[PDB]
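Mind docking chains B, C, D, E and F on chain A? Use the hints.
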Amino acid sequence: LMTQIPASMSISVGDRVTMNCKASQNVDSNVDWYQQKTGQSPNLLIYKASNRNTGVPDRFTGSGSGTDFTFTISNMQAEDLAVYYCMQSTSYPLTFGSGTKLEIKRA
Amino acid sequence: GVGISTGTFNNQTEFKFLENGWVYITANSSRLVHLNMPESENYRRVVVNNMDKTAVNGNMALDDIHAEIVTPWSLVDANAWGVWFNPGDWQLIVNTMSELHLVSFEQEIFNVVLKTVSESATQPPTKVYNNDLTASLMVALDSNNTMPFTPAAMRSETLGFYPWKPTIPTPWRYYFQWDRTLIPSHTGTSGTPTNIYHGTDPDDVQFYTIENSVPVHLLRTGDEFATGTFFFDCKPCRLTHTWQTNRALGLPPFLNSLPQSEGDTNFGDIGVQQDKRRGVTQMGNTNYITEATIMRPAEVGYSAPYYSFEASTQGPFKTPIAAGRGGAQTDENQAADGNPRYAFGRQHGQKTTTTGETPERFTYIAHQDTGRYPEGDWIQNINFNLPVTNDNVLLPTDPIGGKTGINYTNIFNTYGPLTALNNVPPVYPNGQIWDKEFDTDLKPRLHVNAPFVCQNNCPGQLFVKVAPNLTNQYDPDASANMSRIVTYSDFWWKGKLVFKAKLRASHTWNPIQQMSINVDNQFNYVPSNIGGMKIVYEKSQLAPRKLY
Amino acid sequence: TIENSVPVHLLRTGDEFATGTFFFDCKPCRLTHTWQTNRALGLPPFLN
Amino acid sequence: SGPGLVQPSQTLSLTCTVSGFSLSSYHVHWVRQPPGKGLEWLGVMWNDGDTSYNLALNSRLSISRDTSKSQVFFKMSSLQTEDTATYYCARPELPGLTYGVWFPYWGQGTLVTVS
Amino acid sequence: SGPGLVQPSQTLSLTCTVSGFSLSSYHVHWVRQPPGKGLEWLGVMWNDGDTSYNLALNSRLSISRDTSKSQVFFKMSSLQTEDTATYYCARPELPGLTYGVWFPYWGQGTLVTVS
Amino acid sequence: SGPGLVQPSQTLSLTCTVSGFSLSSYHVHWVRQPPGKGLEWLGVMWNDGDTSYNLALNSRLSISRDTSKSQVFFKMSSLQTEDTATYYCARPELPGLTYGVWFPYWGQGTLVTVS
Numbered sequence: 001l002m003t004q005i006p007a008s009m010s011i012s013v014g015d016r017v018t019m020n021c022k023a024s025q026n027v028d029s030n031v032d033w034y035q036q037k038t039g040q041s042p043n044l045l046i047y048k049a050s051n052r053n054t055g056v057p058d059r060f061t062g063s064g065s066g067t068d069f070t071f072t073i074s075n076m077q078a079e080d081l082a083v084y085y086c087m088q089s090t091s092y093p094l095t096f097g098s099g100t101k102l103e104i105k106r107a
Numbered sequence: 001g002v003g004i005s006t007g008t009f010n011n012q013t014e015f016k017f018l019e020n021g022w023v024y025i026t027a028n029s030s031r032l033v034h035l036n037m038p039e040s041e042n043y044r045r046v047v048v049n050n051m052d053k054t055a056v057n058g059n060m061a062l063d064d065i066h067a068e069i070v071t072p073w074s075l076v077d078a079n080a081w082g083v084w085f086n087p088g089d090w091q092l093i094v095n096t097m098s099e100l101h102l103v104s105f106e107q108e109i110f111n112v113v114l115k116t117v118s119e120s121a122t123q124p125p126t127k128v129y130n131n132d133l134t135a136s137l138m139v140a141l142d143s144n145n146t147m148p149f150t151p152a153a154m155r156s157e158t159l160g161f162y163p164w165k166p167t168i169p170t171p172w173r174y175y176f177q178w179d180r181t182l183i184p185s186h187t188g189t190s191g192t193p194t195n196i197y198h199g200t201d202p203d204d205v206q207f208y209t210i211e212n213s214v215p216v217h218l219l220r221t222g223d224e225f226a227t228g229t230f231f232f233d234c235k236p237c238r239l240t241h242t243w244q245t246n247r248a249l250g251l252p253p254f255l256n257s258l259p260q261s262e263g264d265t266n267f268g269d270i271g272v273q274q275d276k277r278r279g280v281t282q283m284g285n286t287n288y289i290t291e292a293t294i295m296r297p298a299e300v301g302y303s304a305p306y307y308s309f310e311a312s313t314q315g316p317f318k319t320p321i322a323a324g325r326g327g328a329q330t331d332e333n334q335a336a337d338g339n340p341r342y343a344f345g346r347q348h349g350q351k352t353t354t355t356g357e358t359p360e361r362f363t364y365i366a367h368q369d370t371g372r373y374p375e376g377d378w379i380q381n382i383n384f385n386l387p388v389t390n391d392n393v394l395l396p397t398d399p400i401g402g403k404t405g406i407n408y409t410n411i412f413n414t415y416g417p418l419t420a421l422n423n424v425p426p427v428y429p430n431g432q433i434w435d436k437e438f439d440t441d442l443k444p445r446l447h448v449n450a451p452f453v454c455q456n457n458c459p460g461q462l463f464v465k466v467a468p469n470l471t472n473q474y475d476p477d478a479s480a481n482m483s484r485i486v487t488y489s490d491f492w493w494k495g496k497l498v499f500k501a502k503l504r505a506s507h508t509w510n511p512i513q514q515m516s517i518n519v520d521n522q523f524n525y526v527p528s529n530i531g532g533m534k535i536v537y538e539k540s541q542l543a544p545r546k547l548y
Numbered sequence: 001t002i003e004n005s006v007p008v009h010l011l012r013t014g015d016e017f018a019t020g021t022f023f024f025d026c027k028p029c030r031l032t033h034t035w036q037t038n039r040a041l042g043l044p045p046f047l048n
Numbered sequence: 001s002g003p004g005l006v007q008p009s010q011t012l013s014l015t016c017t018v019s020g021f022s023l024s025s026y027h028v029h030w031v032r033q034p035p036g037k038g039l040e041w042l043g044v045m046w047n048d049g050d051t052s053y054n055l056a057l058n059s060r061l062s063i064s065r066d067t068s069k070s071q072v073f074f075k076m077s078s079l080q081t082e083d084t085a086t087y088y089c090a091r092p093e094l095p096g097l098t099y100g101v102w103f104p105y106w107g108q109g110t111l112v113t114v115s
Numbered sequence: 001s002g003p004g005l006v007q008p009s010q011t012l013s014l015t016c017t018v019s020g021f022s023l024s025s026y027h028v029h030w031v032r033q034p035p036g037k038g039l040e041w042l043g044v045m046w047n048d049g050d051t052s053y054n055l056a057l058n059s060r061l062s063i064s065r066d067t068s069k070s071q072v073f074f075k076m077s078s079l080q081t082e083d084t085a086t087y088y089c090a091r092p093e094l095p096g097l098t099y100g101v102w103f104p105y106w107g108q109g110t111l112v113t114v115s
Numbered sequence: 001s002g003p004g005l006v007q008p009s010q011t012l013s014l015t016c017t018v019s020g021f022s023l024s025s026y027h028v029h030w031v032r033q034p035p036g037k038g039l040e041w042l043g044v045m046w047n048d049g050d051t052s053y054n055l056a057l058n059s060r061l062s063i064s065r066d067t068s069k070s071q072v073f074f075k076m077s078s079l080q081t082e083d084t085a086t087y088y089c090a091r092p093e094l095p096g097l098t099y100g101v102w103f104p105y106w107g108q109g110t111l112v113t114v115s
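Residue numbers (the working numbering), protein chains in the order written: chain A, 1 to 107; chain B, 1 to 548; chain C, 1 to 48; chain D, 1 to 115; chain E, 1 to 115; chain F, 1 to 115.
Just chain A, with the same shape it has in the complex:
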C-alpha cells in the first residue's frame, strides 16, 4: 500500500523540499495530500494532483502520476509546520500512509 518517507527534516523558512511516495496497485492519479494548516486540521490543500486551490493557490505544489508521487513545498512559513499525511484512493477499502515530520530548523 502507501508509505511516507523521508523524515527528519529541519529547514529554514521559505526553502523547498521533496516529499515522495510509492505504491503497488496502479492508482491512475488518485494521489492526494492532507496538510494542516494547524487547525481545525488536517484540512486538505491540493486535490488529486494538481489543484493548487484550497484555500489559496501556490502554497504547495503536487505533480506526478502512477505508482509514484512527489510532493513539493514552495512557500514555507510559520503558518505550516510539523507532520503531514498521504492517502491512496482505490477500492475497498481506503488506506492511509504515515508521517513526514518537518519542523522549522531551530538552533
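Just so you know, these hints were derived from the structure itself, not from any lab.
We put the CB at the ideal spot given by N, CA and C, even for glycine.
One should not assume that every hint holds.
Unchecked claim - Calculated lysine to any residue pairs in the SDA-like style (CA-CA distance at most 25 Å, straight line):
1. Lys53(B) with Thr37(C)
2. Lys539(B) with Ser70(F)
3. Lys75(F) with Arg361(B)
4. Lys69(D) with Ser22(E)
5. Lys27(C) with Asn145(B)
Unchecked claim - Short derived list, chain F residues pointing at chain B, Cβ under 8 Å:
6. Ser24
7. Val44
8. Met45
9. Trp46
10. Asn47
11. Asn54
12. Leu61
13. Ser62
14. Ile63
Structure of chains B, C, D, E and F alone, referenced to chain A:
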C-alpha cells in the same frame, strides 16, 4: 408410475391447405435440455462498475454501470426463428407467400430425469451417477405476466438450434432502479468530467419475486406438465418490400420526343424548356418545374439525427432508427444509417468447430430501398437565385461552431406530417418473433425489433429450477453456507406454433428474385466432416410490389 | 353574444333551476408513474 | 462507543444542524485515530452498506432531525479513540467513483474517548 | 437573505449535522444583531408559528436531513446582519413556558451579511 | 491481411477479370513466401474446405463478379508476406487427386505486405 413415458418428440413442417389462398403453416419443434443446479441460493442484488474507462478523458460510452437482481432460477424460452424453422423449410414460405398472421402458441414438458454426482477423493476421482427417483424439479409458469418481463434476444442466449444437440437455458435477471449522470468528455478535455454514481430513489422499488406471485407445479418423474394454448392478438406483416421512393410517386412527365437507335447512350428529351412547363408545384418562385421539384402526395421515411445520445436516468444511450440504409451504397462500416447487426457465437454459426472463442458478426442491410442517404442534402434561401452563390446556401461540408465531423446533418429531424414507412422486416435465424407491448397509453407506432406485437397481452415464459437438497446441517433463514448435493436434471421440451398466410400471384411480366443455392454459398448448407454447422444468415424480404 | 344564442331562465326568488346530467366520454388515467427508462428495457447482461 | 469497558452502549452523537449533502448516504464522523485507519464507509440499511469489521454497523435517517447512530459498541479493547463527529464530509464513497476520491475539510478538534 | 439588495433569494443555511432536540419545533439561528432583537420564535407550518414581522416565515423538516430554510428575503433595507446559524438552541419557546425561559450556549462566531 | 498490426482487416483482392476454371472451387493467390509454405487449399463454404491454420478461412463466389475474400486477418506477428493474388491456378487440389498434382504458371510478381 416410472414404468411409462407419456411424451412424443416432433420436429416437423406440415402444410395443411384450405380454400381460396389461405394456408396454415404449422411448425413444431423440440430440444433436449440440460440444466446445472444454480450454485447461488438467495436472491442477490449486485451493482457492476468499471471506471477507468469513463474516467479517462473521452470515451462517451464504452460502458455504463447497471444494477440487477440475480435469481437462482433459469429460463427456457422460445422466440427465435432458429428454434423452429429450417433453411430448407424457410424457402417455401418466402417465395410463395405475401403475408403472415399469427395464431396460437403452446408448450409442455415431459419425461423428466434427475441424476446425482458423488465425488470420491481417494479414488482418481471417478464420478458416480445413480438415478434418483425421489428428488424433485420445480416448474413455475404464469399466464398473468404480472412478474416482470423480458424476451431474450438482446444477446441471443436463447435455446440452441438443430434438434439433435442439447441446449441450456440461461439464468434469469432484470433491471433495478438507480440514478446516474455522466458529463461529456474528449481527448482535449482538461480538468475532470465529474462522473458520479447516485444511490437509489427509495420512492420506487421493485423486488419482483415469483415465489411471491405465481404457483409452482412440482415434479418427480413420471409426470408431465402442459400449458394450455393462449392465443395472440396482432396485425399482419408484409413480406414484400416497397421499392418506390419519392421519385415514383406521381405520373411522370410526358416526353415530347422519343429517342431512336438501339443500344444506349440514348436519352429522350422532356421536349419543352424549363420555363414553360405546366403542373402543380410547391416552391418560392417557379418558372421552374422539374422532375425533382413538384408536389408529392407525401414523403417516404424520415431523416433522423444519427449517433446522438440523449441523457436520462442511465444517461448515455443510443437513439434508435426505424429505417434502412437502402439507396446509400457508399456508407457501410457496420450499419451506417443503421442496419441492425447481430453478433452471436458458438451456437448458431461461426462453424461449430472453433478453437477457443471469438464472436461472429455480419451487417444485415435492409432490402428495402427507402433512401435516407445524408450526403447530397442541403438547403436554400427562399429567393432561388440560380446558379446559387456559396454565401446564400449550405453544404454538408460546412461546420457547426467550428467542428468537422458534424456537418449539419447530425442535428436535424423531420418525421412530422407526411412521413410513413414499412414495419421492420423479420430477420433470420437470429431475429425475434413477438414482443410485448408498452404499458403507457401512447403506444409507439412500431418497434425496431420485432415484426409482430400483441396489442393486449402476449403469452408468458417458462421458468425452471432444480429442487434443493440438504444432507444434515442447517440454520434457519441463514445466509451462511448450507451444504448441498451437487445434482443436475434433464427434461425434454416440445413446442408448437400456428401460422396463416396467403399465396401471392403474378400480374407482372417479370420473374422475381428468390432465395436459392448457387456457387456463392455452394455449401453454407451441408455439414462438415467433423460435424460442422453454420446456418448462415439469410435476408428475407424478397418481393417487390407497387406502393402508391 | 349569448343573448343571440342560448335561452335564459329568469328568477325571482322562491324558484330553483337545475341542469340535467350530461355524461362524459373519456379514456382512463393511470395514477402510477413509470420509472423504467431506456436502461430497464431489455434483459440485462449475464454476470460471469 | 463508551466509556469505558468492556462493551457498554451508545455515546456517539454529533452534529446538529446541517450535517451535509444528503445523497443516500454520507459520512464523516472523523475517523479515526487520526493516524488511521479505517472504516469502509457506510451505505443505507435492508441491505446497503457497509464498514470493514463486524458489528460496526451504522444507521440513521438523513431527513430532519439529521442525526447519527449508534455508534456502536463495538470491540474497544484496542484502546482506540475517535470521540467526534463533525461534518463536511466530502463524497463518501458509495457515492463516489470519480474515481473516488477526495476529502475537503472537517471540524471540531480533539475529542478523545477512553479505553 | 442575501447579498445584497433589494430582496434577492435564499443564502441562509447551517448547521449539519445534529442540529438539536427535535421537539416540534426548535431554533436557533443567532438571532440577531447581536445587540438585538428579535424574532418571536418559529412554530411548525398549515398553521403553527411564528415570527413577529410579516414575510419572516420559517420552515424545515426536523427529520434527516436536518436542515433549515429559507431564510427568507425579507425586508433588508435596514442594513441588519445575522449571517449564522449555529445551534444548541436551548428551549425555543413554543415549547417553553417554564415559565419561559433560558438559553444555554451557541456556536460559530461572526458571520456578517451585507446590506 | 494488412498493413500493419496487430490484426487489422481485409486488403487482399485480385484478380479481375477471368480468374480461372470455375470447378467449385479453385485458387491460387500465391501462396506464399515464396520459400513456403503453405495453405491446405480452399473448399466451398456450410462446410466444404479448407486451410491448415484456424481463422484462415476463405470465401468467394466463382460467378461474376469473379472475386476473392477476405483475406483475412489472420495472425501476422510472424512478419510473413504474400501480397498478390494472380491466377492460373492449375488444379486446386479438392478437385485433384490425379494423384494430385501439378501447377502450371502464375502471375504478377513481387507484391510484399508489411509485418
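Against the structure, the hints come out as follows:
1. A distance of roughly 23 Å separates the Cα atoms of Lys53(B) and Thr37(C); the hinted pair therefore holds under the 25 Å criterion.
2. A distance of roughly 21 Å separates the Cα atoms of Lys539(B) and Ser70(F); the hinted pair therefore holds under the 25 Å criterion.
3. Between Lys75(F) and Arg361(B) the alpha-carbon distance is near 19 Å, which keeps this suggested pair within the 25 Å criterion.
4. With a CA separation close to 15 Å, the supplied pair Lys69(D) and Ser22(E) stays within the 25 Å bound.
5. Of the pairs offered as hints, the one joining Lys27(C) and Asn145(B) holds, with about 23 Å between alpha carbons and a cut-off of 25 Å not exceeded.
6. Given hint, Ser24(F) at the interface with chain B, holds; its Cβ is 5 Å from that chain's nearest Cβ, closer than 8 Å.
7. This hint holds: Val44(F) has a C-beta 4 Å from the nearest C-beta of chain B, less than the 8 Å allowed.
8. A cut of 8 Å between beta carbons decides the hint on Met45(F): the least distance to chain B is about 5 Å, and the hint holds.
9. Annotation: interface hint on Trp46(F) holds; nearest CB of chain B at approximately 4 Å, less than 8 Å.
10. Taken as an interface hint, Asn47(F) checks out: its beta carbon lies about 4 Å from the nearest beta carbon of chain B, inside 8 Å.
11. Here the hint on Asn54(F) is kept, as its CB sits about 5 Å from the closest CB of chain B, short of 8 Å.
12. Contact between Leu61(F) and chain B, as hinted, is supported at the beta carbon level, the nearest pair being about 3 Å apart and thus within 8 Å.
13. Evaluation of the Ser62(F) hint against chain B yields a held restraint, the C-beta minimum of about 5 Å falling below 8 Å.
14. Annotation: interface hint on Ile63(F) holds; nearest CB of chain B at approximately 6 Å, less than 8 Å.
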